[PDB]
Amino acid sequence: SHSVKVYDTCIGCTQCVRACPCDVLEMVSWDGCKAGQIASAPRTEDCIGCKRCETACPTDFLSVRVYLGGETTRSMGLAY
Amino acid sequence: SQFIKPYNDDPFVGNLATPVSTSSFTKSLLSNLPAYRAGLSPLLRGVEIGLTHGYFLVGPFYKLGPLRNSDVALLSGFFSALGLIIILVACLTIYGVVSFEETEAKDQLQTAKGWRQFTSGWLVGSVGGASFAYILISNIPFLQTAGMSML
Amino acid sequence: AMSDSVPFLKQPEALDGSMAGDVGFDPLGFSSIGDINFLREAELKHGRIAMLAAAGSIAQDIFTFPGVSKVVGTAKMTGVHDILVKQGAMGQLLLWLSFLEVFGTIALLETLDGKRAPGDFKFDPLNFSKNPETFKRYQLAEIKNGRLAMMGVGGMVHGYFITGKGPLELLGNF
Amino acid sequence: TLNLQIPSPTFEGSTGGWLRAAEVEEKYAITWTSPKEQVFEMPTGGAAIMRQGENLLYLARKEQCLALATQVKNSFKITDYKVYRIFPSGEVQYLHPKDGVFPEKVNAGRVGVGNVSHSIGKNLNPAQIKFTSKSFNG
Amino acid sequence: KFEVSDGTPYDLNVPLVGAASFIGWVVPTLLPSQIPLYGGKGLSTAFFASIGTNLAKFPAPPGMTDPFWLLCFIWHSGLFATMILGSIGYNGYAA
Amino acid sequence: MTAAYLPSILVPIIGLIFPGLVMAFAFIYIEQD
Amino acid sequence: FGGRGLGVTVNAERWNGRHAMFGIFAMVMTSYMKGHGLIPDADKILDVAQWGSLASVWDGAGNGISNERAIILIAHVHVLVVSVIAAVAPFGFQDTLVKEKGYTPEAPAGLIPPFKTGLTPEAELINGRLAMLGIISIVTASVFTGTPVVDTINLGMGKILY
Amino acid sequence: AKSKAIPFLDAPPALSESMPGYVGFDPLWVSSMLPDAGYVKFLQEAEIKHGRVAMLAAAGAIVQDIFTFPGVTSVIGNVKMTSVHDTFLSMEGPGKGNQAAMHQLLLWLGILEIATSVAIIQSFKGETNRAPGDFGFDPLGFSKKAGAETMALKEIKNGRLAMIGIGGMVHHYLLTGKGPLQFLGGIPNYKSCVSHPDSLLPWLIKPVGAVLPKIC
Ligand code: CLA
Ligand code: CLA
Ligand code: CLA
Ligand SMILES: CC1=C(C#C/C(C)=C/C=C/C(C)=C/C=C/C=C(C)/C=C/C=C(\C)C#CC2=C(C)C[C@@H](O)CC2(C)C)C(C)(C)C[C@H](O)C1
Ligand SMILES: CC1=C(C#C/C(C)=C/C=C/C(C)=C/C=C/C=C(C)/C=C/C=C(\C)C#CC2=C(C)C[C@@H](O)CC2(C)C)C(C)(C)C[C@H](O)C1
Ligand SMILES: CC1=C(C#C/C(C)=C/C=C/C(C)=C/C=C/C=C(C)/C=C/C=C(C)/C=C/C2=C(C)CCCC2(C)C)C(C)(C)C[C@H](O)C1
Ligand SMILES: CC1=C(C#C/C(C)=C/C=C/C(C)=C/C=C/C=C(C)/C=C/C=C(C)/C=C/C2=C(C)CCCC2(C)C)C(C)(C)C[C@H](O)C1
Ligand SMILES: CC1=CCCC(C)(C)[C@H]1/C=C/C(C)=C/C=C/C(C)=C/C=C/C=C(C)/C=C/C=C(C)/C=C/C1=C(C)CCCC1(C)C
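Protein chains in written order, with the numbering used here: chain V, 1 to 80; chain S, 1 to 151; chain A, 1 to 174; chain F, 1 to 138; chain U, 1 to 95; chain C, 1 to 33; chain Y, 1 to 162; chain B, 1 to 216.
Incorrect hints may have been included.
[Stated by the list, open to error] Below, computed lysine-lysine pairings styled on DSS-like, alpha-carbon distance capped at 30 Å:
#: 1; chain 1: S; residue 1: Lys-63; chain 2: B; residue 2: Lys-206
#: 2; chain 1: V; residue 1: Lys-51; chain 2: F; residue 2: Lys-36
#: 3; chain 1: Y; residue 1: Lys-159; chain 2: B; residue 2: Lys-125
#: 4; chain 1: S; residue 1: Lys-106; chain 2: B; residue 2: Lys-125
[What the hints assert, rightly or not] Between beta-carbon pairs, the in silico distance windows are:
#: 5; chain 1: A; residue 1: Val-23; chain 2: B; residue 2: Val-208; range: 31 to 37 Å
#: 6; chain 1: U; residue 1: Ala-60; chain 2: A; residue 2: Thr-78; range: 21 to 27 Å
#: 7; chain 1: S; residue 1: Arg-68; chain 2: B; residue 2: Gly-186; range: 26 to 32 Å
#: 8; chain 1: U; residue 1: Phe-73; chain 2: A; residue 2: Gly-104; range: 28 to 34 Å
No lab work stands behind these hints, which were simulated from the structure alone. For every residue, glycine included, the Cβ atom is placed at its ideal position computed from N, Cα and C.
Modelling step: build the complete structure from the supplied sequences, incorporating the hints.
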């Protein structure tokens with residue numbers, strides 16, 4: 001599966017979670033930013049690797065990062 | 001009066017029920033083919049399929065091969081058909097080796113023993129059909145000239 | 001279970017034995033592919049046309065109508081057709097038989113719905129078949145003579161193709 | 001819990017539906033409730049009419065289900081949709097929304113997975129972690 | 001009980017459509033023409049005469065310049081058009 | 001050419017039997033679990 | 001591989017012994033038929049205009065395969081087709097070439113199996129090992145002396161064949 | 001379980017002793033070559049047809065030596081065993097000649113054989129419980145006679161014997177050119193060989209000169 005990391009530069013804008021087509025990311029409680037929330041990736045086995053979350057991230061260099069790894073049926077987006 | 005319906009009454013499967021796919025003529029022809037006909041061992045399915053395919057394999061090799069203008073054109077064409085048959089039998093064997101787990105079930109094509117039986121039948125049928133085509137073309141001048149002997 | 005005509009074959013499913021001349025003879029299973037009533041109407045039309053052709057071949061060997069020998073000369077059987085295509089007799093026959101066969105097509109539509117027996121045109125002006133037993137005997141005789149006539153017309157026309165004589169002249173000058 | 005007896009939208013069928021891997025590896029299901037019968041676009045290609053009431057639909061991929069969910073959310077204001085994973089054995093795994101609350105909203109009990117406690121520029125060099133099972137994050 | 005699809009029983013009406021389309025195409029094409037392709041006959045009759053002429057010369061196929069190919073193509077084109085339109089009209093309207 | 005039979009013996013073997021057996025055994029090796 | 005009866009197995013020893021016994025027979029019969037001139041037109045050089053480019057040998061004279069060599073190869077082609085069909089579609093009673101994965105290997109016979117005369121597997125294995133050794137010895141005696149293999153057989157059998 | 005004909009070999013698994021003429025003789029296990037139930041029946045039917053055809057061959061090969069039908073020698077000459085097939089076919093065909101004897105035989109026998117094909121297909125699948133080789137042809141009622149319980153054994157035995165016999169007589173004609181009765185009475189047949197035309201498979205007699213002795 002692909003690996004998705006969220007670094008502590010996250011401002012909790014929830015844009016990466018809204019951009020995710022595969023429901024990989026979610027918002028959890030945090031105290032490191034003014035929004036009081038940070039992104040997390042509990043479901044990276046469903047990650048296709050499209051990097052729409054990285055496109056959605058507004059922080060100078062990204063807070064959410066996708067590292068493409070081992071390809072599975074889900075990560076390759078195969079309907080067969 | 002609609003001629004195209006969802007396949008197997010399932011609108012979300014990736015198929016459509018069409019006159020080419022699901023008519024009575026198509027269903028009868030498909031259910032009566034040796035690959036699908038009921039009551040056949042996989043060996044006999046192989047025998048019928050091999051007889052047909054090996055029988056027609058002689059013709060293009062005989063008429064269009066590099067030895068087609070020689071007196072040994074039919075012998076060369078049959079030998080080329082036999083080599084193709086042996087190559088295809090090796091293909092069938094390696095497909096069955098990598099595709100199937102060793103199970104007790106042997107009455108179905110998609111089992112290891114069933115595929116081995118099908119391969120054996122296909123080899124014997126292909127050799128027999130090619131030999132029958134060789135005999136008929138060797139002994140009938142109509143088949144040697146593809147009808148030009150009548151002119 | 002087994003057929004009567006061919007004892008080593010299973011009886012055809014579409015052959016119940018109700019139609020006249022049914023001895024379970026369908027080794028190729030044509031009644032399983034085509035409709036049995038369509039095949040029966042075809043069999044009766046081929047057989048009746050063959051009965052007329054056989055009787056006509058024999059009678060045209062026996063005698064010709066007045067003035068026919070002026071136009072046809074010594075031509076017999078098949079040889080007449082071409083000549084009388086030019087004179088116009090075959091055109092008139094084609095016209096009026098086609099006109100009758102339009103209503104025959106409507107009758108085929110009736111029999112394919114199941115509302116008409118095959119070959120039944122209700123044509124009994126002389127009331128020969130007033131008894132259903134005599135009707136059954138006449139149906140059997142009609143279908144047997146129709147099939148025999150199909151064989152006969154085949155033999156007569158191919159014997160004429162070989163020798164050029166005709167049926168009765170070949171029977172005499174063999 | 002996925003009710004298998006939920007009626008499906010009226011669809012004429014297509015060649016874009018699920019293949020043999022749906023019945024062999026895994027399949028996905030999406031249910032939602034509509035206030036009226038209305039035409040939506042299938043994620044596999046074609047137009048279907050969702051019925052008034054509950055709708056159950058089967059797809060090959062999770063992304064197809066979530067695309068359909070986004071379409072019915074942004075075009076028909078339908079937010080009650082549920083996405084499940086179904087295995088050949090009959091096991092149904094509820095997927096979305098995982099805890100009942102949508103992932104873009106914070107919910108109690110959620111724990112952070114994959115969070116790194118420094119900026120992305122503080123990752124280790126590959127030469128530092130070569131021939132060693134240390135992660136590049138530190 | 002011919003099913004045209006998985007669960008769609010449909011009457012093909014092959015006898016009526018074939019007979020009616022054959023008669024409705026052959027009879028208008030009995031109209032004669034003095035052009036050398038027809039030879040003084042109608043399209044159907046010139047086609048049948050060409051069939052007889054080329055069957056009198058078995059093995060030997062009709063040549064490229066022989067009128068058989070053009071007669072066959074036009075006759076079967078009109079016949080197929082008549083059969084398609086007749087199937088549409090009789091199977092659909094049925095009245 | 002001395003031992004002129006050797007090209008006609010070895011070229012069909014090396015060009016058809018060797019790649020066929022290699023492709024078959026490599027297929028079995030890469031597809032087996 | 002080894003779980004199917006291929007490699008250094010008793011199955012492979014038996015199969016190569018059978019083929020070697022047949023090979024000794026075929027070499028003796030080849031020497032007999034060639035010595036008596038029973039191969040028709042044995043020195044006729046096959047022509048490329050009839051048999052194609054496969055007949056080309058590129059020797060110093062003729063550039064074609066001799067008819068005897070082609071006839072010997074066709075005789076081998078017959079039993080090769082028999083071999084392919086017996087390997088893929090064996091008789092129900094017959095010993096198979098490749099064995100199933102869960103098969104029971106035949107015990108190695110050691111120096112010599114028990115002395116069961118007749119149509120026994122022990123006699124088959126003994127004569128098979130003997131025939132393989134005989135092929136080795138005949139080849140070595142042919143290539144260390146320059147005597148042709150048919151002639152080496154004819155001298156080793158004391159000119160009985162011809 | 002061992003064979004009755006071959007007491008040391010094991011009995012073939014597909015033979016049940018139900019069929020007449022079984023003595024356990026199938027060393028190649030041909031009856032086990034297909035797992036299907038009707039296959040053995042198919043085999044038996046083939047055997048029956050072979051024997052019957054062979055019987056009609058063998059008697060014919062004798063009777064064609066004794067007398068010929070009127071006008072036959074004016075058409076084909078003095079050919080005896082397999083050059084009749086060749087000579088008729090040389091004079092058969094539109095354009096090639098006027099006879100149609102072998103083609104007429106092929107036509108009517110092919111009608112009978114297609115009608116037989118349907119029966120073999122039906123008996124193979126199990127839609128019919130008819131015995132192999134049984135066509136219901138008993139117009140003279142010998143099955144309702146006495147001693148009819150061994151007629152099938154005599155049929156199969158004389159069938160096999162006629163198979164071997166016609167193989168004999170044909171391979172004798174191909175070498176000597178005599179025919180059955182002259183071959184039987186002319187015991188040293190290599191001292192007086194009748195000149196005969198080559199068959200329609202002349203390549204098969206090619207090794208007789210070079211490979212084989214060619215005594216004749
Ligand atoms: C080629 C011959 C031909 C043509 C032109 C038509 C035409 C027509 N039929 Mg029809 N029919 C035919 C043969 C034909 N039929 C035969 C053989 C049968 C018997 C099986 C029937 C049985 C039948 C029934 C039972 C009914 C019709 C009806 C109709 C009408 C509307 C339905 C339709 O098909 O519209 C077709 C539309 C057009 C042809 C006009 C569009 C023109 C474009 C350019 C297409 C034409 C293609 C081409 C030029 C045709 C060339 C013909 C070729 C032979 C040269 C229409 C006038 C129905 C109706 O309402 O009429 C009473 C009806 O109830 N037909
Ligand atoms: C170096 C490899 C190699 C070799 C040795 C050959 C050899 C040959 N090719 Mg060629 N070929 C090759 C590569 C090769 N090809 C490639 C890569 C292509 C693709 C572009 C082709 C495409 C090609 C075509 C399209 C044709 C040939 C033909 C021929 C034959 C020449 C004509 C002749 O006399 O045939 C006479 C032929 C025979 C007497 C029949 C021989 C049958 C053999 C002995 C059976 C062998 C069975 C099999 C290999 C068993 C092993 C299976 C196992 C590997 C799984 C000859 C056997 C022609 C031919 O005749 O094909 C038969 C022909 O039509 N070739
Ligand atoms: C026309 C061929 C023919 C056929 C199809 C059969 C069929 C049958 N015979 Mg039969 N038989 C025949 C001729 C035939 N017979 C003749 C001529 C004789 C007299 C010698 C016999 C004597 C005989 C006996 C004594 C017995 C049978 C039995 C049987 C039945 C068991 C299956 C079997 O053995 O068939 C296999 C035979 C064939 C299919 C004939 C074709 C030959 C095969 C295919 C050759 C294999 C090919 C390959 C090249 C091997 C040849 C070389 C090899 C020997 C090294 C079966 C119904 C048994 C039976 O029914 O018991 C009640 C039995 O005991 N047969
Ligand atoms: C229904 C209706 C009725 C009507 C009616 C109709 C008019 C009935 C009329 C019927 C006739 C036409 C029946 C004809 C049968 C002909 C066949 C059987 C003979 C075939 C010859 C074969 C054997 C042969 C040939 C042979 C070979 C091949 C070639 C030759 O060398 C030799 C040879 C000749 C021997 C009427 C009007 C009564 C009123 C009634 O109220 C209802
Ligand atoms: C069904 C049944 C019945 C039927 C019936 C009839 C049709 C039965 C027909 C039967 C046939 C004629 C039986 C023929 C057997 C031939 C064999 C035994 C002799 C073979 C040759 C030997 C081996 C030899 C050879 C030899 C060697 C090789 C070479 C030669 O130099 C010498 C020689 C020639 C001696 C009927 C119709 C009555 C009705 C009933 O209701 C139902
Ligand atoms: C002239 C000519 C040409 C031509 C041409 C052309 C253009 C040909 C045109 C042909 C046409 C228009 C044919 C129409 C046929 C209609 C039929 C038979 C309807 C049958 C209806 C039925 C049976 C309905 C039955 C019914 C039934 C059972 C149930 C309900 C009631 C009812 C509806 C009555 C060229 C151009 C090629 C050139 C050539 O050189 C000469
Ligand atoms: C008409 C025609 C032609 C033709 C033709 C024909 C009809 C040719 C030949 C046909 C046939 C059927 C030949 C049969 C040969 C049988 C053999 C050798 C049996 C051996 C049996 C043995 C050894 C039994 C052994 C035994 C067994 C099994 C059991 C134990 C006892 C034992 C004795 C040991 C041509 C080709 C000339 C062409 C021409 O243009 C047209
Ligand atoms: C034309 C037609 C019209 C248009 C539409 C269409 C349907 C697409 C088209 C069909 C095109 C195609 C589909 C036409 C259909 C074609 C196929 C290719 C016909 C194959 C026939 C195989 C038979 C003859 C071999 C039979 C075995 C014999 C008896 C063997 C005996 C052997 C056995 C083993 C035992 C040993 C002896 C020997 C001799 C070795």
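Hints and how they fare:
For the proposed pair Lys-63 (chain S) and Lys-206 (chain B), the alpha carbon gap of about 26 Å is at most 30 Å, so the pair holds. A C-alpha spacing of about 36 Å is found between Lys-51 (chain V) and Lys-36 (chain F), which places the hinted pair above 30 Å, so the restraint is violated. Annotation: proposed proximity of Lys-159 (chain Y) to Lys-125 (chain B) is violated, straight-line Cα distance about 61 Å (limit 30 Å). This hinted pair checks out: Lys-106 (chain S) and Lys-125 (chain B) have alpha carbons roughly 19 Å apart, not beyond 30 Å.
About 54 Å separates the C-beta atoms of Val-23 (chain A) and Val-208 (chain B), a value inconsistent with the hinted range of 31 to 37 Å. Between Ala-60 (chain U) and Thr-78 (chain A), the C-beta spacing of about 23 Å keeps the proposed range 21 to 27 Å intact. At about 47 Å, the CB distance of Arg-68 (chain S) to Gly-186 (chain B) disagrees with the hint of 26 to 32 Å. In this structure, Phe-73 (chain U) and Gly-104 (chain A) meet the distance hint of 28 to 34 Å, their C-beta atoms being roughly 31 Å apart.
Hint violations for this structure: numbers 2, 3, 5, 7, all remaining hints satisfied.
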